[PDB]
Amino acid sequence: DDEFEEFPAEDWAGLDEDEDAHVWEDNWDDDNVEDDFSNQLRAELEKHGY
Amino acid sequence: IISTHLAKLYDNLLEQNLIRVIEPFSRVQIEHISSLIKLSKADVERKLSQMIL
Amino acid sequence: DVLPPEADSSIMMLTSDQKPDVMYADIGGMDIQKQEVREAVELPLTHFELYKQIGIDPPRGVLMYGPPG
Amino acid sequence: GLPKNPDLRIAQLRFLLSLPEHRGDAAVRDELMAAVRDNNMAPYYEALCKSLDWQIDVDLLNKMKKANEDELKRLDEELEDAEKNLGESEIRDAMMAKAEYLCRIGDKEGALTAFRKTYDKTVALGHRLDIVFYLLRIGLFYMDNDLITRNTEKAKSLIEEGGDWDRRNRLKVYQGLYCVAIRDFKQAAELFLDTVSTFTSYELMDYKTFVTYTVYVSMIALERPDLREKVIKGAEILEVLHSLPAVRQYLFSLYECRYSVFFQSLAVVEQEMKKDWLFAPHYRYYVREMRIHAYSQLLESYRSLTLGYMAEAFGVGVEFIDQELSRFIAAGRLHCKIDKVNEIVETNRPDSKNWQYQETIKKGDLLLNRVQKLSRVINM
Amino acid sequence: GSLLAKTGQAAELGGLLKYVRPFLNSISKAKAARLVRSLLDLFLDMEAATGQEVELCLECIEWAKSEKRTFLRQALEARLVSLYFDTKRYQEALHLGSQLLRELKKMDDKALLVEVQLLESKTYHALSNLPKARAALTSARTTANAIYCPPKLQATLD
Ligand SMILES: Nc1ncnc2c1ncn2[C@@H]1O[C@H](COP(=O)(O)OP(=O)(O)O)[C@@H](O)[C@H]1O
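Going down the list, the protein sequences come from chains A, B, C, D and E.
If you count the first sequence from 1, you need to add 39 to reach my numbering.
If you count the second sequence from 1, you need to add 631 to reach my numbering.
If you count the third sequence from 1, you need to add 309 to reach my numbering.
If you count the fourth sequence from 1, you need to add 5 to reach my numbering.
If you count the fifth sequence from 1, you need to add 8 to reach my numbering.
Just so you know, not all the hints are guaranteed correct.
DSSO-like cross-link-like pairs, simulated, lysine-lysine; straight-line CA separation at most 30 Å [what the hints assert, rightly or not]:
hint, chain 1, residue 1, chain 2, residue 2
1, E, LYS96, D, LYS213
2, D, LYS235, C, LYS328
3, E, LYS96, B, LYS639
4, D, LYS213, E, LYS130
5, D, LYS358, D, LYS368
6, D, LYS213, D, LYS191
7, C, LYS361, B, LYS639
8, D, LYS235, E, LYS140
9, D, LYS78, D, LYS89
10, E, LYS118, C, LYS361
11, D, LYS213, E, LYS118
12, D, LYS70, D, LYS126
13, C, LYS328, D, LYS78
14, B, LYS678, D, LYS358
15, D, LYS89, D, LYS55
16, E, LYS96, E, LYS140
17, B, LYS639, E, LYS130
18, C, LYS361, D, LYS126
19, D, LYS358, D, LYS191
20, E, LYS39, E, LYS14
21, E, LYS96, E, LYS113
22, D, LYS279, A, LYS86
23, D, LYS70, D, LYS191
24, E, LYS96, E, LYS118
25, B, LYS639, A, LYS86
26, D, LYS191, D, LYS342
27, D, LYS159, C, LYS361
28, D, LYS238, E, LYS39
29, E, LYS76, E, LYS114
30, A, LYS86, D, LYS345
31, B, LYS672, D, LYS345
32, B, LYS672, D, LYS342
33, C, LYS343, E, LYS160
34, D, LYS122, D, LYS70
35, D, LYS368, D, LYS342
36, D, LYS89, D, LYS71
37, D, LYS238, E, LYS140
38, B, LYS639, D, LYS122
39, E, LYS76, E, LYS140
Think of the hints as simulated: they come from the structure by calculation, not from any bench.
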């Protein structure tokens, strides 16, 4: 039994936090950055006038 | 049990009229359907949708 | 082979289930008692779990020694 | 089971004061009003982050905590020293009083220690059920998802097997793990529609809050099949929607498929979920998944619905609806394409055969991957 | 009281009801109680002071409790359950009905029980609580077997 350290074993040097520390399953879209939807809908209502 | 049942019966007549007039058509224009039913377009479209969903 | 069905082997009635013939409250006899009969339906009305825990022993055999009344 | 419920309330108040900085004036007020009470010094190592290091009650409040804890400790020492009561005796409830002191007054660490101690000591059915319930409640208090998973695992595995009619008293918070997590789609609903509460208004802060969780979970769950005969038929459901008009408002808006009110009500729903610690689907399944379902429902039974008219039938801002459709098609759902040169929504709904064929070829891909992995497993 | 009802007076009838209390606590309990019930119903009939009717009847119930006229106060509690259903009250009508049922099943009144069960069925139907409404209505039938010819009540049940 060997760990195959011959291949470059660059362990992740953060050791700070697990971003998804729970069982949450992310999606490629789920991590986009926006002001959610409530503010966007408010802006839509404002530009339409109400 | 007055407004509720009247609305239910109104929906029953809408569905019955649509189903009674719909058999012949493999594809019919919805404004023609509205003309036969003697109604507007938006309400007829909404009813046909709610039926087919 | 083993024949799966068992009721029609000798007929003697069958699955009168899934069929409303006379529902319940529609009966004219009101209760007579009918409380011991709701007690008898408690076991069909789940409550086998509540038979335990509470420590009760639910009834099993219900004889009704009445005339056709 | 009443304890740790006002603790849940103070935990949610700390959440509302910490995560949203918009609530920084009324949140401070409610946090202070529920922290100067409830003896919050040991449960103030968490509260020091938002407000000051310690509110100005230090002397009196710490004296009260230390006096109460010392009195309970003296009682426990008496029971465990002067009397040799072992196993099936009153020492079990004495240690329960110890744990209650260490939890409702002291920090969670001593409470967890006393719990684990008496759990390893006595394994009776009632005692074990009570301590499992307390562990679940303290885990859902302090947001230790690891502890929540541990207690849920042991309860669903063996603890709930022994003893009945108490799983009906426990599932409402046993499914809180799925509630607080992303899994609000199928399992949480399937085990959470059960309207059998262990208490009239407890555990999840109310029966009304329980219902709001049910409504959110069902809305994430499905769109509009015989949901009329699943939840709408619920008499208690209709009663609680009468109690909450806005909740009834968006629920009936989704059921009626009237997007003009649906989108405003859905934004209100997302805003409400923000004020809630169960906000795990912050960008996935607040409103985007629900409108994915709604748009599927809408454009299905349609072929080419114009963008300009679907925009006013679904709110305003034709450009807003166009960009939303583009983003969601890129996300993967909303089986359709956009004719931009003519501004049309040409859907592509596969037939029953076509879509199910696609599902079978997808699963064939997954299982060819599986059997290739198993062919790797063999011959080595 | 009859002339006040004929004319449509509210303040005068309220004052008379608040005044006749010594005469109420001087005669047969049943007769005084039924006079109180009739006067209250006649007052609540026409003039719809929705901000005063409930409060006045609650004051009357508290007075009846002080006088220890249990059947009187129960009758007025049933009347306010009816008024709550009339005013579309959500769940306060419900818990008042539950309290009445708890107080009354220990007794053996029958007309009050039938009226309470029928009102509970009515408010379940108003809140669209169909299965609980059906259960309450079945209990209402089981209780209402007792009264042989209550011509108004039988029509209400049907
Ligand atoms: N609502 C009702 N209440 C009581 N009896 C009824 C009702 N409706 C019908 N019946 C009668 O009850 C009878 C059942 O009689 P039967 O089964 O022969 O008596 P037994 O069970 O003693 O042999 C039926 O013949 C039917 O006419």
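Enumerated hints in conflict with the structure, sorted upward | 7, 10, 11, 13, 15, 23, 25, 28, 38 and 39
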